[PDB]
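A.B. asks: Next come the chains, spelled out residue by residue.
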Amino acid sequence: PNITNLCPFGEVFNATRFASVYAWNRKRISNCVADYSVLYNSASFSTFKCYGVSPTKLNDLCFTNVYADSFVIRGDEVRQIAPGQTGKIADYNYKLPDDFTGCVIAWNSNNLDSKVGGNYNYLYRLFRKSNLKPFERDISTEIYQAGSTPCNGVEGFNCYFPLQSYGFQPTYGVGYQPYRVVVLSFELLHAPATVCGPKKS
Amino acid sequence: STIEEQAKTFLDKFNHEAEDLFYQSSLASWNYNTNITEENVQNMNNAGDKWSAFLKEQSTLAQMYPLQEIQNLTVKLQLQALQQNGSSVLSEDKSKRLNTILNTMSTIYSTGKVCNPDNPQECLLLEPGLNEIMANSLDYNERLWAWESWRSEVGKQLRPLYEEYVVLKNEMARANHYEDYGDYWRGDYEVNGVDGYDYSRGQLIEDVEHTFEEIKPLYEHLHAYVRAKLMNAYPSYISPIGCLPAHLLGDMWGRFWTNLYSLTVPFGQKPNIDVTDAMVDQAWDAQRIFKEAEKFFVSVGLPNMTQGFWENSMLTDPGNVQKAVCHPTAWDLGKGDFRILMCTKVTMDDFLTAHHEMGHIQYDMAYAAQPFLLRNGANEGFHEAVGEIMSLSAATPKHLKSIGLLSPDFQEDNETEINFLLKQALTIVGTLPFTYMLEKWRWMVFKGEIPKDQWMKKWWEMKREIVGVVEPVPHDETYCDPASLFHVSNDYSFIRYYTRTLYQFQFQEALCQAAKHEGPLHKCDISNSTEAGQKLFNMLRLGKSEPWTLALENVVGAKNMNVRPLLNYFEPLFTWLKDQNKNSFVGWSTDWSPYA
Ligand SMILES: *[C@@H]1O[C@H](CO)[C@@H](O)[C@H](O)[C@H]1NC(C)=O
Ligand SMILES: *[C@@H]1O[C@H](CO)[C@@H](O)[C@H](O)[C@H]1NC(C)=O
Ligand SMILES: *[C@@H]1O[C@H](CO)[C@@H](O)[C@H](O)[C@H]1NC(C)=O
Ligand SMILES: *[C@@H]1O[C@H](CO)[C@@H](O)[C@H](O)[C@H]1NC(C)=O
Ligand SMILES: *[C@@H]1O[C@H](CO)[C@@H](O)[C@H](O)[C@H]1NC(C)=O
Ligand SMILES: *[C@@H]1O[C@H](CO)[C@@H](O)[C@H](O)[C@H]1NC(C)=O
Ligand SMILES: *[C@@H]1O[C@H](CO)[C@@H](O)[C@H](O)[C@H]1NC(C)=O
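In order, the protein sequence lines correspond to chains B and E.
FYI, PDB author numbering numbers position 140 of the first sequence as 469, with every residue one higher than the one before it.
FYI, PDB author numbering numbers position 520 of the second sequence as 538, with every residue one higher than the one before it.
Treat the hints with care, as some may be off.
As the list claims (entries may be wrong) - Just a sample of chain B residues kept apart from chain E, beta carbon distances all over 10 Å, derived: (1) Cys379; (2) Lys462; (3) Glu465.
What the hints assert, rightly or not - Just some of the chain E residues that point at chain B, by a computed CB distance under 7 Å: (4) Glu22; (5) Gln24; (6) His34; (7) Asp303; (8) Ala304; (9) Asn330.
Said to hold, decoys possible - Non-contacting residues of chain B with respect to chain E, defined by C-beta distances greater than 10 Å in every case (computed): (10) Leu335; (11) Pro337; (12) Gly339; (13) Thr415.
Since the hints were made in silico from the structure, they are not lab data.
For every residue, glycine included, the Cβ atom is placed at its ideal position computed from N, Cα and C.
Modelling step: build the complete structure from the supplied sequences, incorporating the hints.
C.D. replies: Put into structure tokens, the structure is as follows:
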């Protein structure tokens, strides 16, 4: 029939500020119509790599919920947003499962997220004792203990603050320029699936 | 847990914070160089002080991890680079005195202005006032006046300063478990811990003497030919049996002989390969020069320049209102930011310089994947050698015909190749005995082989023995004749040019064998050859992660610097010079026979 109540993709992609990768935003999208062809046919995205599903049948299938995770990483770190990868972002910041169904969308944001003095508002976790579980968020700011001595809450020797700032600048190389990444996770659960694609007339 | 994992986490923290501080410092230096203004000088000084203080604090933190409990070679190499005290081991009073001495030598060299007695109303600075006189004059007493007056003023200012400098630097070096400051400079080529590929600080002097003993016949024949031509230019001053007078070599110090090409040309009647007029006729902009250089580097298979390179580089002189340093410099600012600062004119020299500096940029881009403290050349020789090989390849007539800058009906006979090889010998071969003699003299000064009251008696003795250049009038110990040069007055190593010169022709033979060139080595061009670029990039990607001996094995298949590619490069010229020196006498006498 006639379709209304589109899914809020404007508040995810066109957000005025994005979160840091250590504190990545997760928005649960339910009970609306998700038009994925608007995203796929856009020329503004550099990465639209979908794992476990093809973009052409997204506009047909129907899902119970859609998880939209949004963060900012470097240009060289976009490859680590994939199942089975290894790196600082995958181990310590944002981990994707091997059995992941969804799409990883990334685009360059040197225009917005870089300033001439250096934009240090974006943080990433550099050290953690263990690798993250899939879809885990770590926002702890406790001092990393690399040595046998206790840190006692002070950053001294062998004790480092685990969150380190990015220093985005507009004169940076393409492997260091900021990239806004939105990861959509599609799951089907035994509840009635309500996020369906648009139906042609 | 373990010490090695602790060092690895410390190195990760260092890499990440040092890369951003080094960027900030490099950007401040760039903003000073493209905009010479006092607030930019202050911002540069603030960033440099932050960078140096951060390196002091990180070396202090780094020493707490002992070296012998780490087995990974790369981690141990970065920790070895970081744990050097530098001047920090010296006392604060002596460190401040050393820094003051270095700064005041920099000011004396930079702001040294000398002119003729009884005509003091205006005076000439070294660049470009004295450079043009040394490079273009044909008058004996004018060049003698300029040379002696600049060594009088500069040496008599710098001699007590250099006497303090040698003692302070030896004290700092022996506080750092080195024999002298010469051993500290020779420690750049020291490889330790690799089976078979180890290189010692004491092996460097032996290898330099062993290579120079093979240099010596070619330089003797070249010196005899240049002596005969300068005897034709100046009839009575030059003796057939003696050394060359010092102020007649075409430069201020004798560093290069390339300004004697007009006087010593073999076949003046034959044309030159000058392509300047051809670019002027086709209206080649500096942007076109750099795009043709980029086309050369993509033809060999290397990566092309970034968008940020074309956006952020200054490839043209800005204007009268904005001041900039005219010296061509390639900048690896960090974080994938690569720029070239060159005031590019439409000349062959600027075109070859564009190839040279883009070779520097390619070398910087290749080891961007390496950790921050390993982002350097394997030694100091490779970084300059990879630019000089591009300068070699771009200068060939095949490259000029291929890009259309030379007429396709230009006749390449043996006479043009002889005079081109002689120009390349005056640039390249002539700097080798001067470089070797200067470094051996500085090594003997630091080692204490030469006492302070005998520095100059030995120095001219070395110059007569090695360079074959005689002093015009004798100098006493009130003079400081070495420190009139930029590198020695500003605390720079000088053996990098000798090693660069030998590595240049070794890399050239390796890439020409890779490219399957079937003619003379100087006729070889490495464009259109993907395999030559791959063989180059295998060494280029390593950076400082691997020993320079292993990198040289990766390129040429040898574990040591070799002199035979240089002799093979100049072999047509060597046979021609041996033919031309039948009547004349090869070799010189160290006696005062021409003039003293
Ligand atoms: C986001 O911004 C782009 C550029 O202005 C626009 O074309 C697009 O329609 C916006 N919305 C979405 C959902 O991408
Ligand atoms: C150079 O410095 C002057 C002095 O403040 C400034 O007005 C100008 O914008 C600067 N130009 C560049 C290109 O940095
Ligand atoms: C040395 O450490 C690096 C990481 O810094 C690692 O990738 C490499 O495999 C290590 N080498 C050895 C021989 O353990
Ligand atoms: C650096 O200096 C300190 C203090 O003098 C000393 O303990 C340390 O061993 C030195 N490090 C090296 C590598 O010489
Ligand atoms: C470098 O080369 C690639 C492919 O060869 C090309 O797509 C790119 O546009 C080039 N870079 C520039 C700045 O033109
Ligand atoms: C160049 O080749 C010709 C032909 O053999 C010869 O006569 C002439 O001497 C050669 N000149 C030089 C400088 O080798
Ligand atoms: C190298 O390749 C380019 C690309 O076609 C070609 O124009 C040029 O002539 C080649 N160089 C030579 C020496 O043939």
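A.B. asks: Each hint: holds or not?
C.D. replies: Okay, the hints, checked on the actual structure:
no.	hint	result
1	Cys379	28 Å, holds
2	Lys462	22 Å, holds
3	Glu465	21 Å, holds
4	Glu22	11 Å, violated
5	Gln24	5 Å, holds
6	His34	6 Å, holds
7	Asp303	23 Å, violated
8	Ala304	21 Å, violated
9	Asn330	6 Å, holds
10	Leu335	36 Å, holds
11	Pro337	34 Å, holds
12	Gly339	30 Å, holds
13	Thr415	15 Å, holds
Consistency with the previously given hints fails for numbers 4, 7, 8, ordered from lowest to highest.
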